[PDB]
Structures are given as C-alpha cells and as structure tokens.
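What follows is a single chain, given as structure tokens, in the form solved without the ligand.
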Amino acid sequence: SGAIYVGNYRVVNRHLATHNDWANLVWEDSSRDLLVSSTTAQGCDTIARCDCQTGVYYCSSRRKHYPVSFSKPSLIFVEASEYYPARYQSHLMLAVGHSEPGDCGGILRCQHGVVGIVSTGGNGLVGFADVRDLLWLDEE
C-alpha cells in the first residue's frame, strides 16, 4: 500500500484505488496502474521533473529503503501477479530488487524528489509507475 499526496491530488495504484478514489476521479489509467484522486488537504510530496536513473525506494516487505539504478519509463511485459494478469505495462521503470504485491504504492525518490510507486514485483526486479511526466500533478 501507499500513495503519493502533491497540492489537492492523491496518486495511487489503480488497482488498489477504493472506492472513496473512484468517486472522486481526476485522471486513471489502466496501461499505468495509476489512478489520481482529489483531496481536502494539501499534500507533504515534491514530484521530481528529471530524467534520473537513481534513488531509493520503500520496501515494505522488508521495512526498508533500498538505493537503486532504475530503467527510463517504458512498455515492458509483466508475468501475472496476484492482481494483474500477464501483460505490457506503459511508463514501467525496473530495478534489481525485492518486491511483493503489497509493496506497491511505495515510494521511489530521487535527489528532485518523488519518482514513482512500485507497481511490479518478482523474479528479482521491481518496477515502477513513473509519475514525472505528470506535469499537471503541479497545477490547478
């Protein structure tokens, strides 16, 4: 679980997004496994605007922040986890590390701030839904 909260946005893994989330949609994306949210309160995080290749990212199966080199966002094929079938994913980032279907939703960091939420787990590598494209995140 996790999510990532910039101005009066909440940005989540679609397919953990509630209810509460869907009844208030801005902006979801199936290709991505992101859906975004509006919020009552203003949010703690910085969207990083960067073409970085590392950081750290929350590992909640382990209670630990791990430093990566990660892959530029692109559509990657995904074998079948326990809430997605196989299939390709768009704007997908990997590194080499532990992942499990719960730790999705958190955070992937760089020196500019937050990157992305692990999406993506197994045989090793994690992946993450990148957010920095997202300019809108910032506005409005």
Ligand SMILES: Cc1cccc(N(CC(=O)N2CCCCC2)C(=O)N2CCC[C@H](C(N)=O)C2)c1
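Basically, rigid core = biggest C-alpha set you can superpose within 1.5 Å across the two forms. Positions refer to the first chain, counted from 1. What changes on going to the form solved in complex with the ligand:
- Just a single entry of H98, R87, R109, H65 exceeds or equals a 2 Å CA shift between these two forms, which is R87 (rigid core superposed).
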Given for the second form:
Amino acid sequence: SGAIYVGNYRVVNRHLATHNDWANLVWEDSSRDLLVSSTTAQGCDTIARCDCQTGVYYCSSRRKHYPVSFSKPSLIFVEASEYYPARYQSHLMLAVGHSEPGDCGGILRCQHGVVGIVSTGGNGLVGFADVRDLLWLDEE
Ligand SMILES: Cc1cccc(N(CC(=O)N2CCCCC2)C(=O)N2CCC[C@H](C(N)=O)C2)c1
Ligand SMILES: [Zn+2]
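Could I have the structure of this protein in the form solved in complex with the ligand, to go alongside the form solved without the ligand above?
Every chain and every other molecule in the complex is listed next, the one we just looked at coming first.
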C-alpha cells in the first residue's frame, strides 16, 4: 500500500483504490494502474519533472529504501493477474529489486522529487508506474 500526496490530490494504484477514492475521483487509467482522487488537506510531496533513470524506492516487505537504476517509461507485457487480464501496461519502468504484492504504492524518487509508485514485481524485478508526465498534478 501507499500513495503520493501532492496539492489536493491523492495518487494510488488503481487496483488498491478505496470506495472514498472512487467517490472523489479526479482521473483513472487501467492501462497505467493509476487513480487520482481529491483531498481536503494539502499534501507535501513534490513531483519530479526530469528524465532521471536512477533513484531510490521504498520496499515495505523489507522496511527499506533501495537505490535502483530503472528503464524509461514503456509499454511492457504484464501477466494476467487478479487485478487485470494479460495486457500491455503503459508508462511502466522496470528495475532489479525486491517486490511482493503488498509493496505496491511504495514511492520511487530522484533528486527532483517523486517519480512514480511500485505497480508490478516478482523474480527480483520491480516495476514502477511513472507520474512525471502528469503535469496537471502541479496545479488547480
Ligand atoms: C509488487 C509485486 C510483486 C510481486 C508480484 C506482483 N504481481 C504479481 C502478483 O501479484 N502475483 C501474486 C503472487 C505471485 C504470483 C503473481 C504483479 O506484478 N501484479 C499484481 C498487481 C497488479 C499488477 C499490475 N500493475 O498489473 C501485476 C507485484
Ligand atoms: Zn530526477
């Protein structure tokens, strides 16, 4: 679990969204595994606006933050799951790292701010849903 809190927005994995998230929906995209809802309080996270390919992510199954090198956002095949059918998940970045299906939501960050959140994993890989192209998170 985990979310990004920027301005009056809460960014979570679409497959982990609550009823309150759906009742206060701003935007969602199943192909990216992202959902954004509105908040009453203002958040403290800042979004990175860069093309960094190195950063650090939080892994809840180890209570640790790990430095990683990660690929550029791409269309990668995600196996059928209990959340989605076999499909191409878009805007996904891969790295070598530990992940379990409770690690989703952990933040990946660089020197510029938040880059994305854990969305996929297994066999010593971890995938992150990028948010750096969602310029609207910085306003309104
Ligand atoms: C973070 C992480 C670590 C390990 C595994 C996963 N799994 C696979 C998985 O949940 N399982 C159950 C256990 C072993 C078999 C497959 C994923 O990549 N998922 C699940 C959640 C939705 C993801 C998506 N964004 O499409 C795909 C995730
Ligand atoms: Zn950066």
